[PDB]
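Colleague: Okay, here's what each chain looks like letter by letter:
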Amino acid sequence: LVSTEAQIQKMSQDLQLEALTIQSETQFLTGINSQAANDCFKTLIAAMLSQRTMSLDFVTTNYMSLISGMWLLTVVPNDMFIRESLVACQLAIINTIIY
Amino acid sequence: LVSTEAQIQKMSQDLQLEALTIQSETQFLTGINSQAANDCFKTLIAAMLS
Amino acid sequence: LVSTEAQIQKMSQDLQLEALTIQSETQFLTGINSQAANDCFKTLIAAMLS
Amino acid sequence: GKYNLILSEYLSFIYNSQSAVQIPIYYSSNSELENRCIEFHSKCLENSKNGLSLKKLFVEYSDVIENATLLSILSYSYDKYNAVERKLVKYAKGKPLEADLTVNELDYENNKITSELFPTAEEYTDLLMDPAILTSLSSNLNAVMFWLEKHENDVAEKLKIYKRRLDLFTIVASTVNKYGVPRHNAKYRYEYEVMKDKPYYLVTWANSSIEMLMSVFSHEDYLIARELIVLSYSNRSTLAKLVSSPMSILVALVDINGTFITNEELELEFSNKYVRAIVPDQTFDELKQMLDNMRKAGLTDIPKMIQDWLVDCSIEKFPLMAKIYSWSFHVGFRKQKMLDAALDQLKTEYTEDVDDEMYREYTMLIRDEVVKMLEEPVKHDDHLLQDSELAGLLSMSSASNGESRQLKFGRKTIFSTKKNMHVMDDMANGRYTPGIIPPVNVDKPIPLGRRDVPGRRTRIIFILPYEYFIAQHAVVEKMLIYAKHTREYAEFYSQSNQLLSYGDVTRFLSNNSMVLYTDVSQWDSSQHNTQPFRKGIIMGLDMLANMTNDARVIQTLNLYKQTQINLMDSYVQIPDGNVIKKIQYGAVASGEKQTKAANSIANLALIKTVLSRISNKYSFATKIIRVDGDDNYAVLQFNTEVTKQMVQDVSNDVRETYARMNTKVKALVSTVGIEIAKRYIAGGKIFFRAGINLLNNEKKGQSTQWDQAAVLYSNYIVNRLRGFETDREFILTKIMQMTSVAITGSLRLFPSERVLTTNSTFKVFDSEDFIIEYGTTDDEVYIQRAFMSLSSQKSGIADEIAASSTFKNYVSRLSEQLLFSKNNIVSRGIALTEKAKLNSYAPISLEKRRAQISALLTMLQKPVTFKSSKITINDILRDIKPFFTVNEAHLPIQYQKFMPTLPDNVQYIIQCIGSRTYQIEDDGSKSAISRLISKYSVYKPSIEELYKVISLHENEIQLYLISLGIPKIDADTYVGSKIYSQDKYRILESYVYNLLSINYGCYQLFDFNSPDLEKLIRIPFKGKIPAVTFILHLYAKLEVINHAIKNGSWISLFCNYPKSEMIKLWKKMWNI
Amino acid sequence: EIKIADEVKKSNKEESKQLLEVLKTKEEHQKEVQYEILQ
RNA sequence: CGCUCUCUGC
RNA sequence: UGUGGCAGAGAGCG
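Here the protein sequences line up with chains A, B, C, D and E, keeping their order. Numbering-wise (the deposited numbering), the first sequence opens with residue 346 and increments by one. Numbering-wise (the deposited numbering), the second sequence opens with residue 346 and increments by one. Numbering-wise (the deposited numbering), the third sequence opens with residue 346 and increments by one. Numbering-wise (the deposited numbering), the fourth sequence opens with residue 2 and increments by one. Numbering-wise (the deposited numbering), the fifth sequence opens with residue 61 and increments by one.
Incorrect hints may have been included.
Unchecked claim - Derived DEER-like restraints, expressed as beta-carbon distance ranges: (1) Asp359/B - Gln794/D: 23 to 31 Å; (2) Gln358/C - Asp923/D: 31 to 39 Å; (3) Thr375/B - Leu953/D: 33 to 41 Å; (4) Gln94/E - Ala391/B: 37 to 45 Å; (5) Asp384/A - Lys161/D: 55 to 63 Å; (6) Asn906/D - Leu360/C: 52 to 60 Å; (7) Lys969/D - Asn383/C: 29 to 37 Å; (8) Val421/A - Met356/B: 56 to 64 Å.
Just so you know, the hints here were simulated from the structure itself, not pulled from any lab data. C-beta atoms are modelled at their ideal positions from N, C-alpha and C, and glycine is treated no differently.
Could you put together the complete structure from these sequences and hints?
Modeller: So, in C-alpha cells, the structure goes:
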C-alpha cells in the first residue's frame, strides 16, 4: 500500500489547512489508516458472497465520506444495503454536494 | 434532541470561525444549549394559551 | 449613551482585526472614550456662541 | 542510566571499610511516592544515626528502587590517610625510571630534583609545572586503579587493553613509588615541603601519561605510549616541537582520489577529481634529517612507522600519522619562564642589506588596503567615528588586563587588572583624558603575559593601558564589518564547519597549479613588521583624514595615528629579582584591538610583494591568496603542467626572496595539502589537531571544582570527534571525583547522572555522548523547574560596588555625552549592562557560585521542592512528544566520507545524509529597531527592554528615540506606519530564534536540509504559526538523529498535530 | 466573558478543545486591542 | 547584544 | 586581599 503518513502529507499539502480556524476539511483525515481499508475490502466481498446485508454509519459533517460513498453506491447494488442507511447517504449527497 | 456538542461543532465547522481576525460569527453561538430550547418551546405555547 | 466597550466590540466586528496584519482600522478606534465626546459637544456650541 | 552503577562500584572500592556506609536519596514528581521517599530518607538517617544495620530496610521499600529517581549518595567514612600507597604497591612491581639531565638545552627544564634548583621555598614556584586544575594526581591514580580492578576478569580484546594499560601504569607507578605521592593542600597546590625530595616535573609527566595510557586501544597506541612516556620524563623541550614538524611535508605526498570542494557561496560540492602529488626530491632529504633528529632524541618504533609507511604512501594507513600528530600534544605544556619565553621572541637581526623597492610597495599595499576598508565610513561621516570615545567605553572588555592597581570602593581595597574598573576610578579623580594618549617609553614600559601551547613556543602578550583600546575601537570595528563582506580573512570564512574556515584549499588544485603554504608565526620581531608597517598605516590615515570634513572623525583618526606613532618606540617591563629590564621592541604583537586584521593586511601586502618576483621566472595567474593573521597560503595556476624541479625552484626562490627582506622561513610548496597550527587536509580529506590537554591546563582559571568537570568533558568530546579517544569510564570517574564535595573531614557527598546531565547552569555531561538530552518525563521537568528557580542569585560585593560613587558617576558620565531627558530608562539600563561584565571579577562570580552551590546542597541533603510552576523548555517538549509515531525505515549509503577520524556512527550519518548546506536565521538583532539605533548610535538595548518599551505609550517612546539622537520626523513616520505591533511579533520570533541548540559538536556537522532526512519527517503543514511548525520539524529531526546516533538504525515520523495543541502551546512558545 | 454550554467543556474531542481555546484567543485578542487603544 | 568556557591567528 | 590578555566563531547564564 501507500503508507498512511505519506498519503496524509499529499492530502495536507493539497488542502492547505489553517491552525487558527474551525475548518470543514480536517474531518476528511479521520481514519485514513490501513487495517480499515483492509477491513472494508474484506467486508464488502464477504458480505456480497454471503449475501448478508450491511448498514452504514457516517457523520454528515464529513464530505469525503459522502464522496467515497458515491463510488461505493455505484459499484455495489443499492439493495445490498439496508434501506434507511443508504437513504440517509443519498439524501446527504443530494443535499450538500449536488443541488 | 440533536446533540449540543455535535451541533455546536457542526455550526463552527460550517462558519470557519477564525481565531485571529474578529468576526460577527462567534456571536451566533451564544445560547445554543438545551434547557433554553425547552424554555422557548414552553414559553411560546404557554403565552399563546394564556 | 451606549457604553464604550459594547461599541468597541461592534466597531471591531465591522473592522475585522487580524492580530498580525496591520490593517490601519486600529486608527479608527482611536479616541472613542466618553468625556471626550462631551468636550466636543461643549466646545462647538460654546465657540459658536462666543 | 549506567553511570550510577560505576559510581556504586567506585564507592565500594575506594573506602572499603566497616565504617564506610552508603546512603541514597531519591525523588519523584508524584506526591504519594515522594512522601514515601521522604519517609525512606528519614528512617535511613535515623537507622544510620543509631548504629543499626542498614541492610534490612533496602528490601521493604522496593517501590522507591523501581519507580523513584536517584539524586546522590552520601558517605560517612573517617580520615584513613595514606590509602593510595596501601592500594598502589601491587601495581608497581616493575623497575622505576631514571631521568637524563643532559638532554634539554636549559638547566631547569630537566626533570631533576627540586632541591637542586630551588633550595629555599621562598624562591620555589610550582608555576613552571602547575597542572592548573582542581583535581589531584592521586585522584587520577585512584581512577586508573579502579578501572584496572574492575577490568581484572575479562577475556577478549578488552584483556589486551588491560595488559597494555597495566604495563604502562606499572611503569608510572614504579616511577611514583620510588619516592611517593605528593599531598594536595586546600587549594590543590603542591607546596615546597612535599616536592623537596622529588623531581620537579613528575606531576605533569604523571598526568599526561595517565591521559595517554587511558587513550590506548591498539598495539600501535601501546608503542606510541611507551615510546613517549619514557622520554617525556626527561625531554620537555624538543619532543612535541620535533615530532609534530614532519607532518607539514607528509601532506604533499597523498594522492587525491575523490574530493570535497567549497563554493564562493560557501557550500560543499564533492568532486571525483584525481590529483597527483608532485613532491620535489630535496624535501625528502629534509624529512630524513627530521627523522634523524627523531631517532637521535631516542625514538625507535615511531620513525619505523613513518619510514615503512612511505613505501606505499597510501591514504588508508595515513590516519596513523594524524593519530601520531595528536599523540604529541597530549604530553603536556612547556611552561618555561617569563624571561626566556620573551627572549624566544626578543632576538632580533636587523640589517642594512635589504631592498627598498620591497618595503615601499609593502607600505603602499598596506595603505591601499586600509583605504579600501575605510573609504565608505570616513566619507559618509558615520556616528561611530564621531562618537569613538563612547563606543570604546561601552565595549570595554572586563578582563582586559591593563596595569594591576590598588583601588578603594568606600571601605575596601581591590587589586584589579580590569580596565573597566580602572576607568570607573579615573573618572572620579579628573584623570580620564582619552585625547592625550600616554607615551610608551623609558618612563612607562609595558608589562607581559604568557600564552603557552604544546609543541610550539611560549608566545607573549602585551598588557597596555585603556586609552589605546578606545582609540582603536571604532576604526577596527568598521574594518572587520567591511572585510567580512570580502575575501582574504577568517571573519568571512567562519561559522563552524567544513565549507568554512578554508573553503578553497580544493577548487584550484590539479596537475597545472600548485600551492605555496607558509607558517609565519615567528614574524612578529621581524624587520618588515617594524617601521614600514606603521608608517604605511599612518600614511593611509593621512589620506583618509583628507577624505573627510567633520572634526571628531579627524580627531579619532589622528589619535589612532598617534597611537601608531607611540607604538613605533615601545619598551617592555620584565622584572628579574630586584632589578627591572626594559627592552627596545618597536614592532607588532597582540594585546591590541588592531592585531588580527592588521597582521592579515601586512601578510597580504608581503605575499603580494613577494609574488611579483616569481613572475620574473614563471608565468602564472594568481587565483587565490588567503591570510588569517600569522599563516598564509597562495594557490597559483600555470601555462603548462607541473614538475618536481619547478616546485623545488619556486620554494628556493620564495626562501631567498624573503631572505632579501631579512625574513626567516621554511618555504613549503605542494599540490594537494597544507599545514597550519590547528588543521590540515590530505587526499581531499580534512583531519584536525586533537591537542587539548585534559588533566593539565595552560593557566589557573577561576571556575570551581564542578565546572572543570564540564570543560574536561567538552574537551573529551572534541578530542574524540577529532580522533584522540580516551576511555569514557575514566572521564565519568573524574567527573564524580570532581563533583564530590567535602562537607566535613569524614562526610562526603556524590551526585548522580540525573543532576549532572540536566539542562541548566549545573550541566556537566550527557547520558549519551554527542547528543544533548531533553526531558519527556515528569522528573526532568521537576528538577529543571527546581534548578531554574535557583540560578538567579546575588553578590553582596557587586551590590556594594554598584552602590558606590564611581559606578553612579560612570553611568552619569556615559549618559551626559548624549542628550539629557531620560533618567529612569537607560541609566538603569547601562548600569544593568555593566553588571553583566562586573561578574568577570572573580570574587563576585565565586561569591555567587559558592552561594548557588550552597543553595543546591540545602535541597540535596533534605527532600525536594516543587518550585512553583516556572516554565522551561522540557515543559514544552513534554507536550509535543505524545503525538509522534515511529516506524522502521532504511536509508541507503550515497554520501562520501571526508572526515575519517570521526566515530563510525557519526560517520554513518554523514555516510547516509549530507554534510552542511548552511543556513542563517538572524545575523544579530536584524528585525526593525536595532539596525536604526546601530546607525545613529552603537547602543544595544536588550530585547527585554524593547519588549517592555514597545508596550508603553508612543509618547515616551518618541522621547526615548529623540533622546538617542534621532530627529522627530522619523519617529513621527514610525508611529504613523503602525510598526510597533509588528515589532512585538518580530521580537518574539527572535526570542524563539535564540534557541542555540544546533551546535554542540555533532549537530554542528549534520545537514538538516537534506532530502533523505526530510522524506522521513512526514509532518503535515497547517500555516499561520511559523514558529511552531519550524520547531516541530526541527525537533522531529533531532529525535531521528539522536536515535540514529545512539542506535545506528533509522526511523520515520508522523505528527498529525491537533490544532488545539498548536494554540495551547502558542502562548508558552513566546515566553521564557 | 464566556457563555459556552459548559457541558461541552467536559469533552476531550478535538473540536471542543479547539473551540474553547479559540474563544479564549478571541477574548484575549479583544483585550489586546483594547489595551492598544486605551494606552 | 553584556560575562565564563572550547579552541582559533596572537 | 598577591594575577596571566586582543578579536573570530560554538555552547551555558541576562
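Colleague: With reference to the structure, classify each hint as holding or not holding.
Modeller: Quick rundown of the hints versus the structure:
no.: 1; hint: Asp359/B - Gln794/D: 23 to 31 Å; result: 56 Å, violated
no.: 2; hint: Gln358/C - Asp923/D: 31 to 39 Å; result: 37 Å, holds
no.: 3; hint: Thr375/B - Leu953/D: 33 to 41 Å; result: 36 Å, holds
no.: 4; hint: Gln94/E - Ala391/B: 37 to 45 Å; result: 42 Å, holds
no.: 5; hint: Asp384/A - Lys161/D: 55 to 63 Å; result: 59 Å, holds
no.: 6; hint: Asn906/D - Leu360/C: 52 to 60 Å; result: 58 Å, holds
no.: 7; hint: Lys969/D - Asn383/C: 29 to 37 Å; result: 32 Å, holds
no.: 8; hint: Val421/A - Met356/B: 56 to 64 Å; result: 33 Å, violated
The structure fails to meet hints 1, 8 from the earlier list, while all remaining hints are met.
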